[PDB]
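A.B. asks: Next come the chains, spelled out residue by residue.
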Amino acid sequence: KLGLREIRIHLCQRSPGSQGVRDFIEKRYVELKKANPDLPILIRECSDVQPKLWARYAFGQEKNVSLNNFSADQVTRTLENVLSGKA
Amino acid sequence: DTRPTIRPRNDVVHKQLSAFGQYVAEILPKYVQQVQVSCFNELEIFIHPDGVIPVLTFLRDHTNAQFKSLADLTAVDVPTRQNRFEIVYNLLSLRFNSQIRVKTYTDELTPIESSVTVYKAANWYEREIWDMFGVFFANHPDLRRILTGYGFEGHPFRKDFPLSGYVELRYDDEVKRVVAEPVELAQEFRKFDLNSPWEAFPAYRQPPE
Amino acid sequence: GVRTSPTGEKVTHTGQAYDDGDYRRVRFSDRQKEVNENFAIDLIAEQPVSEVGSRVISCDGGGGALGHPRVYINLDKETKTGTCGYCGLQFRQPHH
Amino acid sequence: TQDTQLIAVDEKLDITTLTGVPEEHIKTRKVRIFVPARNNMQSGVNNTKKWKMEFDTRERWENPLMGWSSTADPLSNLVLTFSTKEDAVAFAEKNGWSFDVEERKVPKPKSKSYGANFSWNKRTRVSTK
Amino acid sequence: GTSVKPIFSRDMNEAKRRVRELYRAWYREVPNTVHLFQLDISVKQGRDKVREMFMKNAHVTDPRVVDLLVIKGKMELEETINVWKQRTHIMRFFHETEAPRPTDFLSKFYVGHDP
Amino acid sequence: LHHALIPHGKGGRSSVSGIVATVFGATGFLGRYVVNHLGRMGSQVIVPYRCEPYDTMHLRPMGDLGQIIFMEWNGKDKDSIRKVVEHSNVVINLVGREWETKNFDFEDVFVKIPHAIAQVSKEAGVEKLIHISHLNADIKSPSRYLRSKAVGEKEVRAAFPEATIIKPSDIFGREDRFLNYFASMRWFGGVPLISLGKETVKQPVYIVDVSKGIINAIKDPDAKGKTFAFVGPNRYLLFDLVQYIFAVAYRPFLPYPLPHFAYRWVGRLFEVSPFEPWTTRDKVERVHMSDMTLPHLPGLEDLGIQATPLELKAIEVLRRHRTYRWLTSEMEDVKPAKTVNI
Amino acid sequence: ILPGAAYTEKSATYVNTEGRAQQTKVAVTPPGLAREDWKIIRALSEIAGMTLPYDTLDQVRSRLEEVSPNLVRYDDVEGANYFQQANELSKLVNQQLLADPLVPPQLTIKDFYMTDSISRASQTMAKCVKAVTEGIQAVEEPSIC
Ligand SMILES: NC(=O)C1=CN([C@@H]2O[C@H](COP(=O)(O)OP(=O)(O)OC[C@H]3O[C@@H](n4cnc5c(N)ncnc54)[C@H](OP(=O)(O)O)[C@@H]3O)[C@@H](O)[C@H]2O)C=CC1
Ligand SMILES: [Zn+2]
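Residue numbers (the authors' numbering), protein chains in the order written: chain 1S, 12 to 98; chain 1C, 6 to 214; chain 1R, 1 to 96; chain 1Q, 5 to 133; chain 1W, 14 to 128; chain 1P, 1 to 342; chain 1G, 560 to 704.
For the record, the hints were derived by calculation from the structure and aren't laboratory data.
Check the hints yourself; a few may be wrong.
Stated by the list, open to error - Mimicking EDC-like on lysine to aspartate or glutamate, the simulated pairs with C-alpha atoms at most 16 Å apart in a straight line are:
#1 18 (chain 1W) with 112 (chain 1C)
#2 584 (chain 1G) with 58 (chain 1Q)
#3 198 (chain 1P) with 240 (chain 1P)
#4 69 (chain 1W) with 18 (chain 1Q)
#5 63 (chain 1S) with 42 (chain 1S)
Hey, can you work out the whole structure from these sequences and the hints?
C.D. replies: Below you can see the structure in the form of structure tokens.
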């Protein structure tokens with residue numbers, strides 16, 4: 012089983028490479044959380060880190076979609092792509 | 006005397022040593038980098054490693070130096086420097102009743118022209134330097150371990166070599182032969198950090214960086 | 001004095017005594033467990049409490065240079081006695 | 005500025021194979037580069053001016069005999085001193101040792117005024133002297 | 014900075030050259046050394062132990078370093094040839110008396126806090 | 001485990017192994033090796049001895065200070081056995097004698113003494129008792145050595161249920177009285193193999209393999225109650241085995257055939273010696289008897305060990321017996337003898 | 560019961576309430592047969608079949624970086640943000656207050672001492688709570704050196 016357990020977003024605070032995800036999170040993150048209140052979206056940020064997405068699936072599986080330099084629309088389109096499959 | 010405890014200081018020897026220090030510095034400016042006379046009237050000459058042979062030859066053969074006895078040849082391992090090893094020569098002049106110090110520098114992987122040609126006394130001193138520290142010397146006749154046991158690993162006097170060593174010895178009855186095992190001290194060497202956190206000598210106060 | 005342990009072994013003044021289940025006891029068999037009998041903890045108690053009519057005293061353990069370094073004890077608290085740290089001899093002000 | 009058959013030796017210095025250290029004590033040891041803090045009991049600072057190199061501690065059991073603190077790790081009492089972090093951090097991997105480095109803690113300058121002890125308004129006025 | 018004068022070899026090619034005949038000088042006398050020192054071990058395990066010692070020093074990629082082991086091995090050959098090392102010194106290479114230290118993480122966790 | 005018995009260290013001399021051995025009869029062939037293997041790991045071995053303290057001197061430099069403790073014990077005394085095993089984790093039995101002393105016969109030293117050791121150990125409260133008996137232990141074999149051993153192991157099993165019993169086939173080593181015994185027979189003219197030794201089949205086992213087998217049994221948790229059988233990897237016919245001994249020793253070979261009853265007589269003749277006898281009648285029977293294969297009993301390999309062939313460790317024993325003409329010969333000069341299928 | 564390692568017996572990674580993630584160092588090895596906490600779990604996973612990837616302290620620290628990159632940035636406060644987004648989410652749902660006054664668990668000194676397992680097992684700490692509870696007369700020793 013690969014049902015969605017948690018989504019981890021690692022973004023840099025000021026790096027232009029992680030600028031796009033910052034544009035996403037101020038606007039669209041709240042609406043995403045209202046859609047999946049049970050889903051633990053993790054936004055553990057850092058400094059000088061390549062903006063990446065970790066998606067923990069059931070039975071201990073983790074995908075490593077990397078949203079480097081992705082714009083806010085790109086970040087959102089990656090998100091619904093990951094959670095499009097309920098399993 | 007007003008200084009019954011302070012060791013008396015000689016200025017005439019200081020002037021003579023200082024004058025000779027300038028003399029050697031002008032003679033071979035190709036290797037002599039810096040020269041200093043310590044407070045207790047001892048002269049040190051800082052040469053470049055390539056000048057190991059020419060400088061020693063001049064001190065051995067010049068009519069005004071005649072330093073014809075290598076007292077000892079040792080090195081001080083200072084890891085904080087780029088060239089950790091610091092080879093030191095000590096020569097004595099019988100004719101002029103004086104001693105000189107000639108010191109070079111060397112990293113781990115660099116060979117030094119063996120002074121066996123100039124001072125045949127250096128021959129055995131060279132083996133000790135290589136054995137204790139690992140400094141290889143080119144053109145040495147019989148460069149090999151002198152003090153450490155046969156098949157010894159590492160160089161003991163290096164500051165990064167533990168005092169107790171890596172291997173101890175024991176007679177193993179199963180093989181009926183003395184064998185080597187990893188070290189296991191019955192009581193570990195209790196290191197003592199006994200450096201007072203208060204400045205000792207303001208004269209040698211290194212300026213801040 | 002010396003107190004014997006329940007396992008049957010003399011207890012040192014430090015309170016050391018091997019447990020019944022302790023394997024490190026076979027050494028003592030066919031030998032004797034060295035222990036001193038003059039327990040300094042006890043012997044110091046028998047020393048009488050000296051009484052001096054002065055606020056402070058100087059104790060050197062007797063013998064001058066053969067004793068401990070000279071210390072000065074403040075015999076002001078009438079509740080208890082002042083004991084030299086080095087040797088343990090007590091002192092007391094007689095009703096001040 | 006020295007023509008002594010000079011060749012390009014770009015690759016990093018790897019003297020580890022010559023120091024004679026066994027294989028175990030060359031990877032599984034994590035050295036620490038740090039400026040020792042002043043002994044808080046004292047107030048002098050002459051022991052916090054040189055970078056120190058030390059190896060992580062290991063097992064220290066008790067002898068079946070009187071019971072000293074035995075050990076089996078030779079790299080237990082080895083402490084090295086370096087005058088600059090760069091020299092210290094360079095000596096680690098040159099000898100081939102995994103390291104972690106802690107930056108020097110400089111006591112920040114604090115403005116102290118004696119007149120503040122007796123302040124007309126500020127609560128810094130002391131009640132005893 | 015990137016350039017420093019060499020020991021014996023100017024690059025890896027001649028440094029590797031000085032390794033080969035050192036291995037040659039180490040291959041030939043192993044049966045002679047075994048005969049000389051009354052080795053319990055046969056000739057065969059002598060030859061690959063020379064091979065294995067030469068093998069473990071393979072990651073070296075520096076001409077100055079390779080010269081240092083090359084000359085150090087030469088002394089080791091010299092010490093062995095003129096009976097300077099006895100049986101105990103020779104048997105030191107064969108780590109016999111010490112028990113094999115297991116390599117799996119589970120065994121290390123069972124025996125002690127060794128990382 | 002006790003608070004002072006938790007293992008510590010890295011297996012060296014100063015490391016605390018955590019086993020308090022009580023190796024009985026350690027002043028002997030296997031006793032020397034088992035103490036050494038216990039000595040390396042740092043185990044407080046309580047070695048009892050009845051011989052001269054001088055004969056135990058070689059035992060002293062095998063353990064850290066305070067580890068090897070020497071105690072005086074007597075076979076026919078419960079108090080002595082109790083004194084030595086009162087504080088112990090494991091008790092190792094190694095008492096044995098290839099001949100019958102005036103004060104000690106095979107009955108005394110292979111049944112009576114093991115009975116007292118096993119019975120007292122259980123009363124003391126030890127954990128494991130490792131008892132050793134011959135592989136050829138049998139109740140009906142004429143050799144009283146094998147007959148006594150079979151009775152003793154059954155009795156020890158009754159007194160101490162979870163007592164590991166070791167059944168080595170035949171040890172060979174520096175002082176084995178097995179390879180040395182055959183090599184020493186050059187003095188007596190030729191070698192008088194019984195029936196030319198064409199029927200006896202032996203499976204000698206290296207002494208070091210047995211020693212590590214005992215140590216592995218101590219640390220193993222499944223050794224409780226098992227009955228092991230220690231045998232070498234190969235299996236040799238007697239005539240070819242003696243061929244390998246004399247070829248490795250480079251000594252002349254004279255295969256004298258000698259009748260069994262006559263051999264029993266010369267064994268009687270050599271028995272008369274008050275000192276250490278060269279050979280007894282029981283010894284003659286033993287070398288004449290074969291080593292039966294017992295696959296049901298767990299083998300040496302089950303104790304995480306690999307057996308060592310005799311042809312690999314042969315020069316160790318027979319280098320001494322070689323004269324100056326062959327004192328420097330290599331190991332592979334003599335190839336292994338015939339290997340009957342195991 | 561599985562004996563673990565104390566904070567003075569392991570090279571751990573603790574994060575303070577301000578976000579700084581600092582690390583401790585092995586002052587002395589754990590007593591007896593007690594082992595390090597992470598090695599216990601990793602060894603347990605290997606026995607159970609589902610062996611974990613990391614096998615060394617660097618490996619698990621690297622894994623710690625993957626889960627949260629700010630757990631490796633030692634002695635560095637990684638400033639968070641997006642307070643407004645957290646505020647907007649808290650506007651969702653409605654939980655009402657209660658009349659119980661805000662009483663901290665520790666009001667005086669006596670209950671500051673006896674908090675955690677190490678403190679509870681301590682002997683010198685028991686004298687302190689004994690001292691503050693009753694008067695001075697219950698705490699005194701012939702203290703000279
Ligand atoms: N091939 C073999 O020989 C095999 C032997 N075994 C068993 O191994 C054990 C030891 O063999 P090994 O070491 O070669 O024998 P050794 O004769 O070399 O040594 C025997 C040991 O037992 C002691 N001992 C014997 N009889 C007495 C006695 N009556 N009272 C006190 N101590 C006594 C001896 O003391 P001291 O030295 O003072 O005489 C010595 O310590 C024996 O039980 C033997 O049967 C098992 C399998 C194979
Ligand atoms: Zn006093």
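A.B. asks: Taking the hints in turn, state whether each one holds.
C.D. replies: Going through the hints against the structure:
For the suggested pair residue 18 (chain 1W) and residue 112 (chain 1C), the alpha carbons sit about 12 Å apart, so the restraint of at most 16 Å is met. Taking the CA atoms of residue 584 (chain 1G) and residue 58 (chain 1Q), the gap is near 12 Å; set against the 16 Å cutoff, the hint holds. Pair hint residue 198 (chain 1P) plus residue 240 (chain 1P) holds up; C-alpha atoms about 8 Å apart against a cutoff of 16 Å. For the given pair, residue 69 (chain 1W) sits about 15 Å from residue 18 (chain 1Q) by alpha-carbon distance, which is consistent with the 16 Å threshold.
Between residue 63 (chain 1S) and residue 42 (chain 1S), the direct Cα distance comes to roughly 21 Å. Violation of the 16 Å bound is thereby established for this hinted pair.
Hint compliance for this structure: hint 5 is the single one not met.
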